[PDB]
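Novice: One-letter residues, chain by chain:
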Amino acid sequence: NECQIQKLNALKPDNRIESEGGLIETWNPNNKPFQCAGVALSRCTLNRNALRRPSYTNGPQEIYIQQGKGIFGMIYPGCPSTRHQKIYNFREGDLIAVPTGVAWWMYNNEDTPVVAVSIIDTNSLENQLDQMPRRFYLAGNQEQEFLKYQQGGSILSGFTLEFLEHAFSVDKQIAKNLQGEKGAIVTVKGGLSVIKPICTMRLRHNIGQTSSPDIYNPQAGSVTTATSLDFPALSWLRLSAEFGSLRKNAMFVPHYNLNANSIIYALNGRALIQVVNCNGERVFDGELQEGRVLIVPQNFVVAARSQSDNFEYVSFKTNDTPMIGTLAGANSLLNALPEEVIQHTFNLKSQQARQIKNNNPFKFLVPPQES
Amino acid sequence: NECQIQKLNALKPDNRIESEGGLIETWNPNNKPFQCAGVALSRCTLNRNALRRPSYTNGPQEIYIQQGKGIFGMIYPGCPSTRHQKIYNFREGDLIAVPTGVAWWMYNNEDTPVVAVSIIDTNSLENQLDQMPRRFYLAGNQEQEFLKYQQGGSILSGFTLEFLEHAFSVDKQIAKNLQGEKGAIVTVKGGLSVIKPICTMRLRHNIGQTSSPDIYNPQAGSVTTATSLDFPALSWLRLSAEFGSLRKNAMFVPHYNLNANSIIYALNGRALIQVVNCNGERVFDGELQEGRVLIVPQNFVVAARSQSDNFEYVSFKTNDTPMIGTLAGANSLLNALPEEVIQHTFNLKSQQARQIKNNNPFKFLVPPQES
Amino acid sequence: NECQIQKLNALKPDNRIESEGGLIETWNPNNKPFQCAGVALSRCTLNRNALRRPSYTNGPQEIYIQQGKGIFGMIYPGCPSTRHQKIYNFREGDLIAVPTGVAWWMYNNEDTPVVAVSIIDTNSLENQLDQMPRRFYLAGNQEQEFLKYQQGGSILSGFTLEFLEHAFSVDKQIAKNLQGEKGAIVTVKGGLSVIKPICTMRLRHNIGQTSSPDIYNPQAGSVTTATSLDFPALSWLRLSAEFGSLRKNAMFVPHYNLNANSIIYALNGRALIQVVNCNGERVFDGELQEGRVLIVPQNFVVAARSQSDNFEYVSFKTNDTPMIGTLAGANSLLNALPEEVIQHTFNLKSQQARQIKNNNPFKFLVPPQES
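If you read the sequences in order, they're chains A, B and C. Mind the numbering: the first sequence is residues 1 to 371 in the numbering used here, read in order. Mind the numbering: the second sequence is residues 372 to 742 in the numbering used here, read in order. Mind the numbering: the third sequence is residues 743 to 1113 in the numbering used here, read in order.
I should point out that these hints are in silico values taken from the structure, not numbers from a laboratory. Any given hint could be a false lead.
[As the list claims (entries may be wrong)] Here are the computed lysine-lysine pairs in the DSSO-like style, where the Cα-Cα straight-line distance is at most 30 Å:
1. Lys349(A) x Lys378(B)
2. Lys378(B) x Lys749(C)
3. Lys172(A) x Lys749(C)
[Unchecked claim] Output of the computed footprint for chain C on chain A, the stretches with three or more beta carbons under 8 Å from beta carbons of chain C:
4. 101-108
5. 142-148
6. 176-187
7. 191-204
8. 305-313
Yeah, the Cβ is synthetic: ideal placement off N, Cα and C, and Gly gets one too.
Isolated chain A, as found in the complex:
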């Protein structure tokens, strides 16, 4: 049973690939948390003047930009150019959606490096190969990030020198340059001079600190969710994301996701999280701090208290329109029960039954206890 998790742990990467203009880190997809989850996590960071060479995966991918600014371009097959296809800019808090098998390249021009953390849902209907994550690079000899877990060069360097020569219609010499002969993130010495501004579908939506949050409480913090309702290209991925920023000691109530798996990646600070399963067992009772990830499976209950000012996280849910069941708060599940059945399922009295329903008037985030 892939999802019979005994104990979850704040996971951190087990693979660092240092490249010329950056670095790529990946989390093991063969751990029972990720196997249960159905995702492959990774965190790519590009420095000044670095370009992440074009590549593609066989699954839905969702990229969240932790820090920095740059530009990115998709190479969508049935689309028109301009010379070249469309290029979008991006900032911190941007959620980029990458449809199955589509190729892209990303570039950074500032001193502040781009830190992009992403997920490939390898258990998608669209992924027709097997659960193993894999990336297909267009150019350059270097082994793909997920090769380590399988057990190189790019797709073009694998052909025969005469087949490139024949296909592209060029000579032996530039056919050798194309045929492989630095890694995925190379440094564009002077800098890519390319202008800074489904084919017309927007694949960039901002959920980070620069938005109009869904839930806002000036004493507890705020939450901003991006479903396919507000970012229509997400329905093409069947993926979502959530950004939260909690004030020290404020907490998000116990809640479960009715239809999605969550992968909570901590952006800043630290938190005391608690998650419990179908058998009442508390499968995690600890701290999740910056750069670590906690996986909460489908109907498991989650609650967190902030130990920082502020504790920020990104939550990749595996459903483009995730529904969450709240267990405490203005709109809780207990709030919708008859007071009388609340009395008989929890063994309380009518008065106490009123207290569970009405003592906490806040939706999802609750302020510091004020002690």
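Please arrange chains B and C on chain A, whose structure you already have, making use of the hints.
Specialist: Leaving out everything else, chains B and C in the frame of chain A:
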């Protein structure tokens, strides 16, 4: 190969979990018939004043009510209250729809117990965990029905006292009660005074005690089906159900389900069934009695001859719009054939071929042979 | 890991069944390429006056007629008769769409034997049984093509005489005839007197040389593809196909399917094919010749150079709207990339980057190298 079954048998429950005001019976979901099917059956009977405590599952659920009258309520996350959300009434014959993760509760008030037989489609696309059935109870300390198969407390009892005090904003004492400290089906001493009557979606459709049978033969019986067509909440589940009443010795023609898995549970009487596979092997040739279940895989063919007045059954099919291919009778696949191809594939004469296409005028149900 | 394929090979069939009026060949569905592709391939052949007795399967099928002419009939459950349901005539180059579970019969009257190569998508969502291919014949005592791999009689010959009797309302004499008491393909001595002209939807479309192609280069050849845009019954199958003819020494560029697996069947001639994976390994390099099959996974990259006048193939894609990403061509992925980024990923000088974007001005198909 889960469905490469050699011999089907009428299955019984292997788990009884007596509770204060009721009982819970569950069939083993690891026997190959059920692995092939992708469901998990369960029969919950609730005596007078029994309140089944709030719970939810990680998969679509469909409840047929074999006997009794009660009230049931679903706590749907995005929904408006009235105090509390909607309370629906039910009668024997009703089909209750339960979308993945939605929490519900049930109550009975009359002497005649409620017996509700139900299936959880663990093989659903909305089941992002594993093929293990699981119930997540919002209250009470008790081992959930399926824990036996896996190898307790509620989801709220797994949390630290400090966390529940904060989340609900209540004192230690009431927080202690909420945190556990009679099993799933409890008894309400005085009885609930709660008013006997998507957030709009009708999720109750009567298929047993109706008067609008899909097919009706006064000399053979009747059969009713409830598809999404007439019960739209069912497209949320991708599940269906059929109710049939068969007179002694009457029969339902050899047939198959093109796009679904049937789980036939006998509600009354007995009947002689025959089910044959792609190889011509008779994988089951015996009788199916009250309270027993026979699984007929996807394109396997089934035929039944009644042995009681009447043999009633509910067949849960795994598709909200199942399609059956009747092999004998008014709209049989052989009727739609050319008279000449039926002659050459069956090796019959022109005259005989006419009899197979017209001797039985009846649709699905065929009257007793008259001996 | 099913699709973690090392070396591919042009596969030829392992099973063969000489029927009265024909022959049936089937490829082993438990080979790793087919295990990975999720399909079963079979080549049936009807000689003159041959009839294929009605049968069905647990999954979408897509038949392509290599050669010959004849008529076929599909027995759809709720469809109206005319005496019998509607008949359609087929010609070579036709692609017939058969829904999951639907039954169909096939007849050939010219001397010229019909050769039809088809696939069953066992990995479908419609397939609720297991990864085994299995045909369910309505008549005749013979063993189902695929039994061999699983390790007979039809679905009627398994039933008891008195059940069949009561079912069709007949006499033990024809009931016995009916109960099974010449294989799947049976020759009709005089030959059917049947004419030669969802219930109305078109389930036949020609993708043969006769049709207007999607690509036609007078020097390279031509390509025709049938999606659900131009043949909507395929949106039910979630399958599609592609016919291609290639002049000697011409070639189709290196490309990959973004959203589908492909099963290349060599109709005529021989070619030299190469396919490389995500690591950069040419997992195949040799020649796919007539009557052989090459499975090319999802994002794997293929390239073929014709060795005949002309190499003709049928590519079975597992998606009704397959998106292809061409790597060299007028339309190519590199063409959308800025000149400067194709400079930096491929270590090229500007003028060399322009040469890749423009030397080859053709879509998909490139003429012979001109030697």
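Novice: Decide, hint by hint, whether the structure agrees.
Specialist: Here is how each hint holds up against the structure:
1. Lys349(A) x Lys378(B): Violated, at about 55 Å.
2. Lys378(B) x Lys749(C): 40 Å, violated
3. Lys172(A) x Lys749(C): Roughly 27 Å between the alpha carbons, so the hint for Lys172(A) and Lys749(C) holds.
4. 101-108: With 5 residues close enough to chain C, the hint holds.
5. 142-148: With 3 residues closer than 8 Å to chain C, the region 142-148 of chain A meets the three-residue bar; holds.
6. 176-187: Coverage by chain C holds here, the residue count being 4 at a Cβ distance below 8 Å.
7. 191-204: holds (count 3)
8. 305-313: It is violated, with 0 qualifying residues against the three required.
Of the numbered hints stated above, those contradicted by the structure are hints 1, 2, 8, listed in ascending order.
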